[PDB]
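As structure tokens, one chain now follows by itself in the form deposited in one PDB entry.
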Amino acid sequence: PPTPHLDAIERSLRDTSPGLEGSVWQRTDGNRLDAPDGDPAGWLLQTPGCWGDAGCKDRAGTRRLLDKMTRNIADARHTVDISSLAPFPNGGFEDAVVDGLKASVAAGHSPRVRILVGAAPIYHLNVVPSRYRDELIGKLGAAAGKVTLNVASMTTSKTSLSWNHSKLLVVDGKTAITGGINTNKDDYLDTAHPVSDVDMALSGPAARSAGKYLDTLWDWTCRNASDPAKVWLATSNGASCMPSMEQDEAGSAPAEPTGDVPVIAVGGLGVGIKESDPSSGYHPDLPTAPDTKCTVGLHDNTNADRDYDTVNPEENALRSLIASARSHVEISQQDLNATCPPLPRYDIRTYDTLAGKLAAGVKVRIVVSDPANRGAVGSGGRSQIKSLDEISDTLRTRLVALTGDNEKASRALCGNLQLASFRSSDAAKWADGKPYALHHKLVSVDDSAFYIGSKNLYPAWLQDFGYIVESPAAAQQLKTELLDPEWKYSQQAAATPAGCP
């Protein structure tokens, strides 16, 4: 079974980060999209899960995701590995962890558990590692004595604004849930205006790849607990820091296959974990582009740092995913552009790839969060543009820079671009009155290969992770369950750019 899209991505990653293969990125065969029997598309865990229901009575997607998290942890024989943006998991998310651990201990196991969050410098952490550990111990009750906890909050770079943004739940190195959902009450659990998000569940060797990736983050975290400005660490039962928990669990034999799905795991190390991939020959033609009305003051790691690429293969992974599309690409995001300053407004190479596809007649669709979404720096569902023209107009100038003339750029822009903000029903806003917020980090290409993960397409220099799947059957489930319903309702919020019929 051919995988032309995974092949193009694999070439990009091996030229970018050959040294990081097997830790920060890895291609595997034999994975299974982990759907419960009777629900073939249940591996796709969308939230809140109320397509075409403006009042969203039944938050059935959020209940399936928590149910799935609880069940995967309950099955744990050996290791539980959790990462997210701060805060530590609370609400139903903590209940899922606590309930799962009690069940695993009750089945006679003594699981080791890593819970890592990334914290921004300006962010104040109400519940710190030691307090969170203590809450866990208390709710676990008698079971705590059999549970080895490592809990840690971390920040890799104050100046380059870098900390963990990956959203992972890996159990025994063989099941993995990942995506864009924060294990964080307020965003998804207790509001009549809940953010729209998506996760996926798999099993197989690509779960071990996620495990390896978290070992990389914990090697750094354990070592840099020597600097409490960077790492806060708490363990239970006198346990040591466990930097290589996933490698110890893997052992010598290679991961066993669970199905037939080929997957590329790929993350990135942000800034301040590893300066560069010492074995990488990557030497790119970095784009000479200016920006209309923003210049980043910080050093532009997205658009002008070779070394950053070599330790962040996810950014080239996403670009070569779009580059790989022969027919059509769907981009469903919270944002394509970033707030500038502090970060660059956009990823030049990404917009050049998109423009190149518009000029080749490849259909491009961009659905982002509504610009009416104002939030704080990390609100989730917030928008970082004031208008959708800040995407189309950028696509235009990058088209003119390529095609030569503006007329040719209009036949490309108006002919091949669909640009909208997110809706999940016929209502323009929630029946709550507040607007729809989108939190996807999703790219789909030719209904064959897709990315689901935590890594946004807008510039951020955080540590992220995600999976690229190539499977015509799985992209078809993705199209039916998410992409078609998304466009069915977000086209009522479509943009028609400047200079177009």
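Residues that one form lacks are left out of the comparison. Numbering follows the first chain given and starts at 1. Between two forms, the rigid core is defined as the largest C-alpha subset superposing within 1.5 Å. First, how it differs from the form deposited in another entry.
Measuring CA movement between these two forms with the rigid core aligned, the set 243, 129, 381, 87 has one residue at 2 Å or more: 381. Listed alone, 374 to 381 marks the only place where three or more consecutive residues have CA shifts of 2 Å or more between these two forms on superposition of the core.
Okay, that one was the form deposited in one PDB entry. Can I see the form deposited in another entry too?
So it's only the chain below, everything else dropped.
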């Protein structure tokens, strides 16, 4: 079985970050999409999972995510590895950790547990690591004696806005859940307008790869615990920081297959962890002309930093995933554009790749979160755009900058682009009046290869992680459970680009 999309991404990643192969990105064979019995698409964890129901009475998707997290932790023999954006998991998220950990202890195990959150320099942490660690020890009751805890919150660059954005659950380095879902009860659980998001669950060698990525974050984090402006660290039972928990657990045995699925695991170290990949001979010709409509304040790591790319291979893995589309690509994001300033408006190479696809006849679908979600410049608006025109206009400028002609441009753009804001039912907004907020970080290509993870396509310099899966069978499951429904309701809010029928 040929993996033409994965090959191209592997080639881009080894040219970009060879030194990080085995830690920040790794391709593996023999994985299984970890679906339950009698539900072969159960590996895809959507929330809330209530297509066609503007009232969202039955959050079956939410239910499956929480049970699947509880079960994965209840099966823990040795290690539980959790990362997110702050806060530390609360609500039903914390319950899943608690109930799973008690179950594990009951089976006679002594689980070691790392819990890592990223916090922006602006953000005040209410429940701080030591308070959270006390809370877990509290809720675990008598089982706390057999649980080794490392709890940390981290910021890696205050002046370049970089902290952990990855969303991972890894057990025994054998199972991994990942996606866009932060362990935050107010966005997903206790809401009449819950955010639309998706995780995926699998097992096998690629779970260890997510384990090694977390070892890389925790080697930085344990070490920088000496700079308390960057790291707040709390352990339990007077325990060491455990910067190599996944490596210690994997030992010398290679990971064991559990299925027949080939995966590339891929992440980024953001800014402030590792300056460059010293083993890298990556030397791109960077986008020589950025856009008029905005000028970066900060130094532009997305469009103008070769080193940043060497320690953030996820950037080029997304570009290559899209570049590898031969027939069609679907893109389901919170945004393609970032708030500018401070951050650059968009990723030039990403747009030029898509523009190229439109010029070639490859069909491009983009569903982003409703611009009605937008606020100001930061925390409060789940849309960094004022209008979908800001996406299609940019595809025009790049298409023109490609074909010179503008008639070639409008033929490429108007003939091949679908652009819409996300809808999950017929109604334009939730029953309680708030708009649909879409938090997907999803790219699917030729119904063969797809990415599910935490890296948005819009510029952001955080630490992130995800899986790129090549599997026609699995991409068909993705198409059926997520993409086709998404378009069924989202085409109502489609936008015909400026200059077309």
